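Take a look at this single chain, the form deposited in one PDB entry, given in structure tokens.
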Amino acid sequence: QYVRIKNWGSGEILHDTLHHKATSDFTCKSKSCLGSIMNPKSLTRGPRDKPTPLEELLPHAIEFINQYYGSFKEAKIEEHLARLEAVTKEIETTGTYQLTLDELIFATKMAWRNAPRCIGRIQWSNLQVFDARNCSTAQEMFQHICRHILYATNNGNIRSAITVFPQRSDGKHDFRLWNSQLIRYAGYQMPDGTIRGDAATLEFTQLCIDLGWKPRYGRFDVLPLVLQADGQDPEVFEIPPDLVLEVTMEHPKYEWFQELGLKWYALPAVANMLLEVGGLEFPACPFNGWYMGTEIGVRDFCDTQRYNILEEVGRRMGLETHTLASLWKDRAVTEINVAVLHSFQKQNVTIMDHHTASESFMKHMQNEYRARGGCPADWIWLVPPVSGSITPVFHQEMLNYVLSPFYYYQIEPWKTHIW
């Protein structure tokens, strides 16, 4: 039957039944738990080589179709059976099917709604879908992406959107965005061992340069897009600087802050994930939403593996920077989140603090349970990198399963690409 789940802060108990509809085996073994593994194969969907077997495509297809029409308040039996027949023919005749633009909008919000590591899923039904399935060239991809960045950025009033490029076929003509985020900074590795810019993109940065891009060697050089259409080699496209919106970080109290010289783009859009729906796969479909404070303040700026500015901020706060026990890091990182949240609102770019996010998620989780008796949640990712216990999510038990549709990771294109 169900799986009992409890929140220790409110004592409220829940029953998770939805997991019953999970696809394959997840990351965990019967006798061992690998829930802290970041990039597990259970969460990845790699390179295809031939069409996907009709035997398995048709089953999945019927599954989705049924799920779609099931979404409806008071169904359309006629319509439902009609499309059911209509899709089978197509598969039989063509080898694959196509989703009605509406079924794709449904597919994109469900895949989101089913993302265990997302804390903003309360917004799941507010998604702008840009159908670019008819696309055929890098030049065209680039245009669609510019349209998206402009729409999504909304002069600062962020809007959630996703651009759905062509579905995969034989897997030999895949559409891919070699980037990992539409807008992101470059990571260079100065001769003297030093790493300047964003260490997390050191490797991708290199490739870009290897593809003709000109390295401007600086902490905030926005990388160019690296588009791949119909499975051809990639082409490098510079984004119109007028389209990239950045926030200059400044502290509502510490004016010494500006001197740190810290800015950060205002649009968070993942460009390297695969949408899976009804047995179909779209290896290229960038999507955005808005930021949650901590993403920038705590992880981007403080991670030692990222911009690592936690000591500098402390020194400039005149803190016992050599006495771990003093809790100076707890002091630093917080003022830093204050700069980040204030620097966004000041300039009026949509931003969301982590206490509120953590809160809307419980509301969402409450709905998902009354709605469909279940909500795939990855506790490790859903809990903020700061304030753990201080947030309601922390005291909430969850179950983490992969349903369908879903947003999978993929393998670095430059790794599985026949040039």
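Shifts are known only where both forms have a C-alpha. Numbering follows the first chain given and starts at 1. The term rigid core refers to the maximal set of C-alpha atoms that superpose within 1.5 Å between the two forms. First, how it differs from the form deposited in another entry.
A displacement of less than 2 angstroms separates the C-alpha positions of residue 67 between these two forms, with the rigid core held in common.
Residue 356: CA moves 2 Å or more between these two forms after rigid-core fitting. Relative to the superposed core, shifted segments between these two forms, defined as three or more consecutive residues with every Cα moved by 2 Å or more, span 38-41, 191-194, 353-369.
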The other form holds:
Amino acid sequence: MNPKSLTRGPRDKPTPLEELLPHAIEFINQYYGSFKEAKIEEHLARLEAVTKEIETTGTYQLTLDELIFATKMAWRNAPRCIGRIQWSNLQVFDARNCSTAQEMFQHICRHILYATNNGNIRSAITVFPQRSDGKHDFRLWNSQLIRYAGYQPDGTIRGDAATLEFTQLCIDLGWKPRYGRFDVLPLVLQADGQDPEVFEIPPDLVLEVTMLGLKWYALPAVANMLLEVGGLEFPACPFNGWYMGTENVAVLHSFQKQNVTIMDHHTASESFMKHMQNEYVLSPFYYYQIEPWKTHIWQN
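Right, and the form deposited in another entry of this protein, after the form deposited in one PDB entry?
The text that comes after this line covers the one chain and nothing more.
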């Protein structure tokens, strides 16, 4: 077996041109090939401009349309994603001009607003600036945009056991811990390679389904993966879908009763129909990363 690593790690220098160029050329071919027999002269013109740009700046910028295509192909290329059957139902937010953690926060607020849509969940991805030298990365330190804290004496955990470590990190970063079963964690946002800053999510932005005391948030958003395309790496690119029912009877009932989208049969059929409507190593690809608190060099 020759599996590939599903993880893409940090860099300390820009991707070498002899490495970047072949990957860019190949992505551009994939993009223009999606037009089948059309746009040969456009394809060649784009190859030229991208090459000059790489040779002159050391890197290159995707067009918006190339970016959109890439986010959708990367989704189509996600082996375990059940939602990838309707990969054309994806809203893209272009945050590649983002500079600060405060601005990252506002972009994420918009994403959560749009995607949650009062319960009528819509799939979205927000793409922050691409990796340059690897010393100025944008990262979300959260695993998901919305997730409950987990607190550890008897060895048992209150909250989400999966967030024990990250929760402790937020505390260490000055976040004030409640100790409930359902405390929504703050966003921990890193911009331009700087130390991360901590932002509470406005509670009204968090839609929850009450199930006994049980409760859960409506929006499943992956915060911590990296988008690769044409040799470019985007270490900050949160995306969301909607929940599968499986990840109990009460749950399937409560989401449906509160009108929050889940992947039931009707939704599967509806979203696939909408997908077919739009019809009028793997790359690009979403990689896992190393948890950033294990690799970050603190400014202070």
